[PDB]
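Only one chain is given next, in structure tokens, and it is the form deposited in one PDB entry.
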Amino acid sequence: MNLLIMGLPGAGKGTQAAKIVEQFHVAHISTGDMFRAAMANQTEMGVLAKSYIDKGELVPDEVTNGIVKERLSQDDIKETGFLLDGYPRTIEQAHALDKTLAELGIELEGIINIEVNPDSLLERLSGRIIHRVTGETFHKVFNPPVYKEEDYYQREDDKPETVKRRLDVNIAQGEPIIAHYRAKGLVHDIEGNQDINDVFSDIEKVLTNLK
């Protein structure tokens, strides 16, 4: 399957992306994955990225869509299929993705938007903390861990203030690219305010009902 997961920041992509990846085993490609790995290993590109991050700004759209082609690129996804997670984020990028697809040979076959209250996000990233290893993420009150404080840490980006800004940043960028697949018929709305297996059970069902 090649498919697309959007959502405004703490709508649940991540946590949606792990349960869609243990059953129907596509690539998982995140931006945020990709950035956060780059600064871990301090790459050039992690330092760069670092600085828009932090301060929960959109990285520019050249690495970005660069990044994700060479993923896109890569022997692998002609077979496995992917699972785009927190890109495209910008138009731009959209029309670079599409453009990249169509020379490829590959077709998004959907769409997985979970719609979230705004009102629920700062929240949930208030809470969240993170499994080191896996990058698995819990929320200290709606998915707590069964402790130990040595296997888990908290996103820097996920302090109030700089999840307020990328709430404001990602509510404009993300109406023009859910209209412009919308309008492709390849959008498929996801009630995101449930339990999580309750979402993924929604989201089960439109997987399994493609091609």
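The term rigid core refers to the most C-alpha atoms you can superpose between the two forms while keeping them within 1.5 Å. Numbering follows the first chain given and starts at 1. What changes on going to the form deposited in another entry:
- With the core fitted between these two forms, just one of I178, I53, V26, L186 shows a Cα displacement of at least 2 Å, namely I53.
- A movement of the C-alpha atom of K99 falling short of 2 angstroms is seen between these two forms when the two forms are aligned on their rigid core.
- For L125, a C-alpha deviation of 2 angstroms or more is recorded between these two forms after rigid-core alignment.
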Second form
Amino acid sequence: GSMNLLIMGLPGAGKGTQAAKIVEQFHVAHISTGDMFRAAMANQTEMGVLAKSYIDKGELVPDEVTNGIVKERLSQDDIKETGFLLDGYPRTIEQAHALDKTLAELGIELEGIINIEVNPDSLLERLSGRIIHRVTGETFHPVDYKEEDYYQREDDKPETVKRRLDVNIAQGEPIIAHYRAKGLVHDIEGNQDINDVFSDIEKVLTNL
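Now that we've seen the form deposited in one PDB entry, could you pull up the form deposited in another entry?
Lone chain follows.
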């Protein structure tokens, strides 16, 4: 009955799939950054219509507005009833500090953090393998009988993925340390089958 959770993991770690499995078993509200903003705007909340005025103009959403969005979301009814699984926020240590303030104001306590760990070299190989034929557009990872008959999306080039992973690691490290120092972080080995990863998650959550 109700749990207040964060889920964390580097790109390619399968955070999305696990979140959906967590919802199915434990009924917490899965809340990604995208969901939160889409809700605020589509449901036309006070913060949402405010956020929309920046987004429509192609401008960045200020921290003050983002923090209001979050507080608004965690203020909803479903949060009291079912708890939550916050996904993608906080993204920086500053947002972690802002979140803690909001949770304290709301009288809410974080109960656990699911941290899916996968070796960044394994992630790199998994995210930067996709290769595409020039005229048939056939996708690979596997074949390649001709090195020059293929190309990669910019998003999928090893240097691009490597930078993405490095930035995500650097931004996430102080957040993980911040909450680990409070015993809230539970490391899950992510290099398993989907059902085995979730199996370890299930053990953690039922024993909270």
